[PDB]
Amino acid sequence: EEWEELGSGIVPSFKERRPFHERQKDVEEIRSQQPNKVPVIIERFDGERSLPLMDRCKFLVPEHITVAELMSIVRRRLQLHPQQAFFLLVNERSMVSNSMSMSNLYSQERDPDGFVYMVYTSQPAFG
């Protein structure tokens, strides 16, 4: 009569893995060390079946980098067919390949814990 664990195979996300205060401390220290860099969490969308997983979810992006530029990097890193559909969301909102800096994105979209959370999908918003 011993407790058997279930669901070892279901990977938790970053927020599920680490507590708020422990996440908040990571951003505090990193911002002090490298203040010209933006903390980002980039994970796969839950339902997603086409696009692959990456080994890392914690990332540092220089302030000057563009949203368009970040999408190309994330797209390149996953090694996809060029026709394959790729979208990158912040707070469940799709992003256009636009000219805005990571520092402007960070100001506008940061989570209370200090990270910006992004998720990548094959599913388009509309259509």
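Numbering follows the first chain given and starts at 1. For clarity, a rigid core is taken as the largest C-alpha set superposing within 1.5 Å between two forms. Compared with the form deposited with its partner chain bound:
Note: rigid core superposed between the two forms; among 79, 50, 99, 34, the CA shift is 2 Å or more only at 99.
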The other form holds:
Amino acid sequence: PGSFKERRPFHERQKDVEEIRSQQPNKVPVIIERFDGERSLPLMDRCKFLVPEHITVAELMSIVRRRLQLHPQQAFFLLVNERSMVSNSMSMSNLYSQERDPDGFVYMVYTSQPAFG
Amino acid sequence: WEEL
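What about the form deposited with its partner chain bound, after the form solved without its partner chain?
First the chain shown before, then all remaining chains and molecules of the complex.
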């Protein structure tokens, strides 16, 4: 739609990752976007993140929660390649090889909707 | 880039 992958073509995305990797070791490049059609969570101004590699999916959710200023009791899920991870205790490092896109980013989307609502 |  107006998603990052639509705003920037594949080779441009791959070059961007290549450049940042040459500059910033031990950080994982992550695209974080609001799930299409989500209406109860805010937008972030940025979607391109550099995340220190030891941070887990659950910890990243805490970081994004803070930035969105969500109420602590608000439903919030961060999906990796649009689906739930088996464990949110995986570090950015350890899921990178598994979940990264060929362009070098890991793509995540956030939503307020649980798997079965 | 948004650097955490």
